[PDB]
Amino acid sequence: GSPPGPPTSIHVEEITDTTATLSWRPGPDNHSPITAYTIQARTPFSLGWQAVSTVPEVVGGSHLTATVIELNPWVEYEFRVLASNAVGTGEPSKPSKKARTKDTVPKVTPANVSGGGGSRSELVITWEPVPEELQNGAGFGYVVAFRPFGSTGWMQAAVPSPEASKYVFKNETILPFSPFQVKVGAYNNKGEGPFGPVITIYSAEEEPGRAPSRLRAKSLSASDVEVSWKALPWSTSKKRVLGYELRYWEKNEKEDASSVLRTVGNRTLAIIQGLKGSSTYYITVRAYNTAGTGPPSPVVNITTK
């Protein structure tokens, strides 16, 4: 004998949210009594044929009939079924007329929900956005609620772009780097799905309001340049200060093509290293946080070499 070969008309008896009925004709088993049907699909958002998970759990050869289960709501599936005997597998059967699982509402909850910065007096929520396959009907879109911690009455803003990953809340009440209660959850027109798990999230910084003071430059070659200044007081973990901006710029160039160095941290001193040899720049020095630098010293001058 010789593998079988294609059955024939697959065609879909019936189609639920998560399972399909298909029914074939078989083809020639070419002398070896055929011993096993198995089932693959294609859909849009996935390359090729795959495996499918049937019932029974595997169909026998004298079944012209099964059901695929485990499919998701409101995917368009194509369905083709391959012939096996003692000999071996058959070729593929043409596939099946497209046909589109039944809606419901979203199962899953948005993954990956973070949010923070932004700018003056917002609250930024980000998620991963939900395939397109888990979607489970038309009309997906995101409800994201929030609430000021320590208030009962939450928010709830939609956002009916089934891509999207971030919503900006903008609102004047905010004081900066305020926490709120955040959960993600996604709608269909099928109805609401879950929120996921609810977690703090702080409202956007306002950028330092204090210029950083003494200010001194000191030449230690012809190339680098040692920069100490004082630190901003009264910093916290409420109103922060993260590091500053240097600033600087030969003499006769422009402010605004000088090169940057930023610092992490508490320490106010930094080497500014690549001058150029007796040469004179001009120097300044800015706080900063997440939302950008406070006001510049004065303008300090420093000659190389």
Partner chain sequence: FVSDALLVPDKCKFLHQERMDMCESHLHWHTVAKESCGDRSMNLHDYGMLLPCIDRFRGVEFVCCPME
The other form holds:
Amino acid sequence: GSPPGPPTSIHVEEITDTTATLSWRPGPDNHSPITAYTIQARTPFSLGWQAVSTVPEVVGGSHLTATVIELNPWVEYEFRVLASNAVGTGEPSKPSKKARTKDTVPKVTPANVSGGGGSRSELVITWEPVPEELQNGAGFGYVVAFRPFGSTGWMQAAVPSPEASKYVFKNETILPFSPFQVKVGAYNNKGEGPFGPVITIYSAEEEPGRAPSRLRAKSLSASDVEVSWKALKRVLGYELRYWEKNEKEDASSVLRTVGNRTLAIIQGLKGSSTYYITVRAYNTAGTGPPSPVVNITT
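Show the form solved in complex with its partner chain, please, because up to now only the form solved without its partner chain has appeared in this conversation.
The next block holds one chain only.
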């Protein structure tokens, strides 16, 4: 008088986008009539085996078939059935053969639609790619829509990669640091999903037009030197570019400051040596023209 045995020969009669009709063979009841069956399932996205909802809500001991409901479209499933009598629940059956649910249109929008940056004449649109369990079908891609803020129609483009997270539009009509209305949708082989809400992304700005001036330097130690200049499209910081007397400007080291600090310190230099230093403004679009070079010794 103990719990019943495990069912055998789990089979998928049919499967849809959200349902799966199963059948099984009964095991030994262990002298106690099997009163009910219960079903579990497992996907690559579940925490191991998890219980499922069924129709009927209660699968009786006389039921050798049932319909599992509320599944996720385009997801690979496997099922198992457990017998249960008056004494207690029994051992689970062996897993069914793997079966992928049918597909449908995507029901979600790309998360964290945003953008900005790039070189002048560019508009950068980004988004978090949709994870596999929400794509709901093969041929998953994206549709990107954008326009200058306040325009009538839209510019749209199909981005077919399911892992696409960025679309870059470049055109001579793109004005620098100008606002654009942007919305991103999704699609698969069965159709198109919904667009996200309209957000405003700014186009790329222009690199600094002028160079800093009055570049001067003085050593602090055998390896450290203090550099200062004069301030001047916006600027987010300055880029130092330095090399020693026996080198060339192109094969040099770089150092970037943030803000309007106007001063910086260079470490790692050699003592009793002459170096050349260049200061250059920058923003997100790149650098501007450089200042005239200064030479200092350690």
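Basically, rigid core = biggest C-alpha set you can superpose within 1.5 Å across the two forms. Positions refer to the first chain, counted from 1.
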| said: Given a superposition on the rigid core, I'd like a yes or no on whether residue 249 shifts its C-alpha by 2 Å or more between these two forms. | reply: no
| Relative to the superposed rigid core, does the CA atom of residue 51 travel 2 Å or more between these two forms? | yes
| Large Cα move at residue 16 between these two forms, threshold 2 Å, rigid core | yes
